[PDB]
Amino acid sequence: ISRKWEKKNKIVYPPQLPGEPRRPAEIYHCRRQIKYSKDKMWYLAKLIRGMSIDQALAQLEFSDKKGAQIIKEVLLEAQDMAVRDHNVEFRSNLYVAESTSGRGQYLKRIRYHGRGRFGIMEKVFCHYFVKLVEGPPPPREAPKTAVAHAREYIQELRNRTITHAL
Amino acid sequence: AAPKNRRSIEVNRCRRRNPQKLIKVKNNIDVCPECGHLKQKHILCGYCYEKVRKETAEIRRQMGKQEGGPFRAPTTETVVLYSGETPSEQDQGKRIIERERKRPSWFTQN
Amino acid sequence: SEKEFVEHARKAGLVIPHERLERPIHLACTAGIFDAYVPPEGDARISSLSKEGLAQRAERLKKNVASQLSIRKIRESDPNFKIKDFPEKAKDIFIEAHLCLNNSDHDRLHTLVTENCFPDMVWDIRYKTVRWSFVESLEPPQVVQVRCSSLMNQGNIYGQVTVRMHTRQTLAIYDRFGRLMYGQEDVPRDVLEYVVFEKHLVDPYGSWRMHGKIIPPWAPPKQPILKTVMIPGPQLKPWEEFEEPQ
Amino acid sequence: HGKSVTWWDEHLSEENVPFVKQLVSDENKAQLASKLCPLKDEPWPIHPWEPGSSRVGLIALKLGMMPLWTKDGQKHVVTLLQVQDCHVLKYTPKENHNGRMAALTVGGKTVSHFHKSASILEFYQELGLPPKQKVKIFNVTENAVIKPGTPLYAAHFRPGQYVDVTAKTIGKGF
Amino acid sequence: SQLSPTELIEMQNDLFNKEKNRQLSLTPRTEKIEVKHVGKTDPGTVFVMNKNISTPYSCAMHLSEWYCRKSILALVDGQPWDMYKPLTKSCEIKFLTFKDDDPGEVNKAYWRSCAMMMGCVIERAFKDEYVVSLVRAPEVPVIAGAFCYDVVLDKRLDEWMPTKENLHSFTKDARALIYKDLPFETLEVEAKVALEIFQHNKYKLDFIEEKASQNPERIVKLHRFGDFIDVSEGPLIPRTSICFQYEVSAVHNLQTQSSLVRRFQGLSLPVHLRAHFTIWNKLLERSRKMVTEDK
Amino acid sequence: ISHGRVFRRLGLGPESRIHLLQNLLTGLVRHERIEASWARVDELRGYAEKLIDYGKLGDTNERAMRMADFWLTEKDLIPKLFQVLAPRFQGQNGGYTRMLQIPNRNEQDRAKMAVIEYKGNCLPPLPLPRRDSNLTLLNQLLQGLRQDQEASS
Ligand SMILES: [Mg+2]
Ligand SMILES: [Mg+2]
Ligand SMILES: [Mg+2]
Ligand SMILES: [Mg+2]
Ligand SMILES: [Mg+2]
Ligand SMILES: [Mg+2]
Ligand SMILES: [Mg+2]
Ligand SMILES: [Zn+2]
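Chains as they are written, first to last, in this note's numbering: chain V, 1 to 166; chain Z, 167 to 276; chain X, 277 to 522; chain H, 523 to 696; chain P, 697 to 991; chain U, 992 to 1144.
The reader is advised that the hints may include incorrect statements.
Said to hold, decoys possible - To give an idea of the chain P side of the interface with chain Z (calculated C-beta under 8 angstroms), a few residues:
{"#": "1", "residue": "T737"}
{"#": "2", "residue": "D738"}
{"#": "3", "residue": "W762"}
{"#": "4", "residue": "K795"}
{"#": "5", "residue": "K985"}
Hint data in this document are derived by calculation from the structure and do not stem from the laboratory. Positions of the beta carbon are idealized from the N, C-alpha and C atoms, including for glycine.
For reference, chain V alone in the conformation it holds in the complex:
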C-alpha cells in the first residue's frame, strides 16, 4: 500500500516576506477503501472538477449514484478542516482544484456458472482524492474564435523556411 496524499497536509512553508502576493490555501483530503467501484466513481469525480464547493455539493445532492453521498461527505468534512485546522475564512470561497479516483485492494471470490465451471469474482474497492484551493474558481476556456484560427494559420505560413536550402 501507499499513503502519500495524507502526508501532503504536513508541509510547512517558510514565512512570506511583506509585499509578496498572498498564498492561496491548499487542503488535501481523501478516503480509503470505498465499496464503490473504480470506474463508476470516476464519472462523479469528473463532474465536479473546476466548480466551487457550494455548487459542487448542490450537483451531488440530487445525483442518484451511491457514490454521490460518499463524495459529499468527503467535501463537507474537508471544508471543516479548511476553516478550523487552517486559517481559511469564508468557507464558501473554495473550489475543487483536482478530484480523481484510484483503485484499492480487491477481494477474490468464486462465481459459479454450471457444467462444473467457475469464474473468479473481484470485489471492487476504490479510493477518492480531492484537493481544495481557496479562491474563486478559474474561468473555463472558451473555444478558439475565427480570428484565432486565422492568426495561427498565417503565423504558420510565415515560419516556413527553405528545406535543405544550401
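Got chain V sorted already, so can you dock chains Z, X, H, P and U with the ligands onto it with the hints?
Chains Z, X, H, P and U with the ligands in isolation, oriented as in the chain V frame:
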C-alpha cells in the same frame, strides 16, 4: 462470438469518456424559501415534506389509539386540535384529536 | 477464494489491565495546581508604582505562615536554596523556554517546562511558525508565594513557586502557508503573567521546571485576531422548532 | 454565469397569469382581422394566366374520412382537409432560390408565442402575424407572385381539379 | 476652467480615493463586532466581523454561495443597507432578495441603480464639442412605465431629438457596461467635499445643498462604479452584472422658464426576473410614454 | 406501436393491474393521503376522480354500491365514502385530488415518488409551490399595463 483482439487503451478512453456517457449537470436547483435548503423547481422540498410527514404520523398514531378495532372508522369529519384550543361551533359534531404539543406555525387553523 | 481483510484499528480500555501493571507509572510532576494565588484587583495600577509595589510584595512573603513553612521545607530537603536569587533563575528559564518554541527544539524544552506544561505550548503550534522575542522588562520579577505538598504514599515533596513578572514581548504567529495570523513583529506589547514553577525535591537531580501559567481573571482581553470567524447556529432536526433565548 | 432555466409561467403571479393570456389572445385577433383586405392594402400587380404557370398551394389540417357516392352508383372515400390559418410569409426572388422559379413561403396553423425561438417570434413581429406551426416552401412562377401577408382560403381550389398531398406519414418506430 | 474630459474624471477619482483613505485612517485598530443573523432561513448565526472594513457581502460569504448571489440588499437592524458598504457597529443583519413577499425596498434600489447606469452612458456619449450636465435621477415608483434620468444638453443642441439608431446606440453602450463586472461603491462624504467633486455642474451643486439640508450633519451619500461618480439617495444593488435585459426606451422634453431638461427613459429587468420576449415587447411599448412624478 | 393506449402495464397483467390499484385506492380512502411510485399514482388519480362521482349518486343507487363494493376492499370504508367524502364534495366537479412529485425514495431503487391526497383532508398541508407575490418587480411592471388598459377600455 468472441473478440478478435485486445482493445487498446487509446480506443477505450475515447469510448469511456464520450460526452453522452458523462454525467450531465443540473440547472434546476433552487433554495427553498422557507427553510433555506436545496430543492428542485418541480419537486417539493425534501426537508419541508419530511417535517410534514413526521407530524402526520403522530396525528395518525393518535387516531389509532382512539379506534381500538381494526375495522373502526368514523362516519363524520375529523378535526385536529392542539394544546390551548377548544372546538368551535362549526367544528362540533366531529371527532376531536388532541395533541399536547403547541400548534405548529405551518399548520393553519380554519 | 477464502481471503479476507485484516488490520482494523480500535482503542479499548478496561480497569483490569490498568491494575495489572508490574511497574507502577512514575510521574515526574503533579497534575494539578495545589492552590491558585488570588492577586488583588489593583495590580494593574500598583505596577506603575515602584516603592509601593516592592514593599507590599515583600510583606506578603514575610507574613504568610504557610508560605514560610514551605520555604523551610525546601531548605531542609535541600540546602543552598535562596529566595532572592530565584527570580533571576526563573526569568532566564522563562526566556529560554519560549526561545525553544521559536526554534522548535523539543529536546531542550523538556528540561525547562514540565510534563503538565509541555502539551499546552506545543499542541497548537505543531504545524505553525511562531517568532517570539524579548525586548525589555519594565518591572523586576518578585516571588509571590511558595507551597509544598507531602504525599505519604511515596514521600514525594513538590515545591511550587509562584512568580509575578511584568514582561515586554513581541509575538507574531505565522500560518503554515507563510501568511501572518495573530500579531505583528515590531510591536513590543506589555504583558503580565503569574508563572508557577515546580521542582522535585526527593529526586537527587531535581531540575527547576516551569509548571503552569496563571492569568488573572480581570486581565485585559488579548489582541484581536486578523481572521474573521463565524459561530454556527444550532443544528435543527426537522421535527424540532427553533427557540430564541432572551 | 450558470444562469438557471426559466419559462414564461415561472415568475408570473396568480393575479397576472389570466391577464397575460388575455393580452396575447387579443393581439392575435386584431392582427388576423387586419389582414382580411388583401386587395385594399396595396397588393402586388396581378398578371393574366399564361401557359406553363404554377399557382400557390395551401397548408391544411387533416380531419378525417367520409364516404361519398357518385351519380353512377359507385362509392368513394374522401378525406376532409381543413384550412385553419394560411398566410404567405415571405417571397424569394427567382435568382436567389433556384434560378428558374420563385419561392413563396406558406405557414401553418396558429400556435402559442411562449414556446417558439427568439428569431421565429421576432420574424413574425415584423410581419404582424401570430406564430405558425409548420412552414413549407412552394415553387411559384414569377407571374403568380403574391404579396406576403395575404390570407388564403379553401376556395383557392375549385372542385374537379386534381391536387397533390405531401405530409409526414405515420411513424411506426423501430 | 480648462479641463479635458479625461482630466476631470481623473481629478474626481483622485479626490474620491483620498477621501476613502481618510475614512480608513480614522480606524487605527481592527475592532471586533458581533453580528447576529435574524434571517428566517438560518437563525441564531453569530458573525464576528471587523469594523469599517467588513461588508455584509463578506458576511454572506460565511454561509454559502447562495447568499452571495441571491442577496441584493442587507437589512442592518431596521435600516436598508448596501451589500458593499462596510458595517459600523454591532447589529442584526437580514438579507432581502427579489423572491421575498415584500421586495419593495429591493425594487426601489434596483430602479435607482439602473438610472445611474443611464446617466453614465449619456454623459460619455456626446462629443466633447457639446456640454452635458446631469441634473438628477427623479424617484419614480416601479409601478410607473420606467425609470427616468434628467440631462441638460447644450444650447445649440436644443432642436435635436435622437433617432431610433441613436437611442439604440445608448443601449449598446449600456450593455457593454453590463458586460464588464463593476461593483458599486458607497461612501459617506461631507457636503463641502461633495461640492468639490461636482464643481463644474451647477445643477449638481444645488442638488447636494438640497440633500444636505435634510440632514443636520451635512452628510451626503456618493456612489461610484468604474470611473463615474454621482450622488443618489438610498442604497444600490451590489453588482452591475445583476441587470440582464437593458434598453433605453425614448426621450422627452420638459421646458422650464430657466432651462430645458431632457428626460431619458429606459426599462430594465434583472437576471433573476427576466421575462419572455413577448412580455418584454409589451412592457417596452409602455415605457415610451411620458412619466411625470416628482413630488 | 402503442398509439392511442392510455393505460399502463403494471404488475403481472391486466388482472393484477386492477388489484394493485384496488389496494392503493383503499389506502387512499382510509388515510386520505398516501405516497407511492409516480407511475402508479398517476393511474390511481383517474380512478379516484371517478369514484367520488359514484359516491355523489347516493347510498340507494345499486350500481354505486356494487362499484364501491369491489374497489373498497375493507368493508368499513363504504359508509365513510357515502357519508364523509361524498357530502364534502358537492361544489367542485373535477378538483377532488392533488398530485405532487415527492423527491426520490432514499433506497436502492431510487424510484420516482408522488403524493396523492383528497381536498380538505384533516392533515397538515403539503408545502405547495407558492407563486411569486404581486409586489415583485416583474409583476409590478405588468400590473401597470392592466391599470392603464382598464382606464381607457
Ligand atoms: Mg454440480
Ligand atoms: Mg481473465
Ligand atoms: Mg475480471
Ligand atoms: Mg409511433
Ligand atoms: Mg401511451
Ligand atoms: Mg413489470
Ligand atoms: Mg397520465
Ligand atoms: Zn424547504
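Here is what the structure says about each hint:
| no. | hint | in the structure |
| --- | --- | --- |
| 1 | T737 | holds (3 angstroms) |
| 2 | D738 | holds (6 angstroms) |
| 3 | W762 | holds (5 angstroms) |
| 4 | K795 | holds (6 angstroms) |
| 5 | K985 | violated (35 angstroms) |
Checked against the numbered hints listed earlier, the structure breaks hint 5 alone; every other hint is satisfied.
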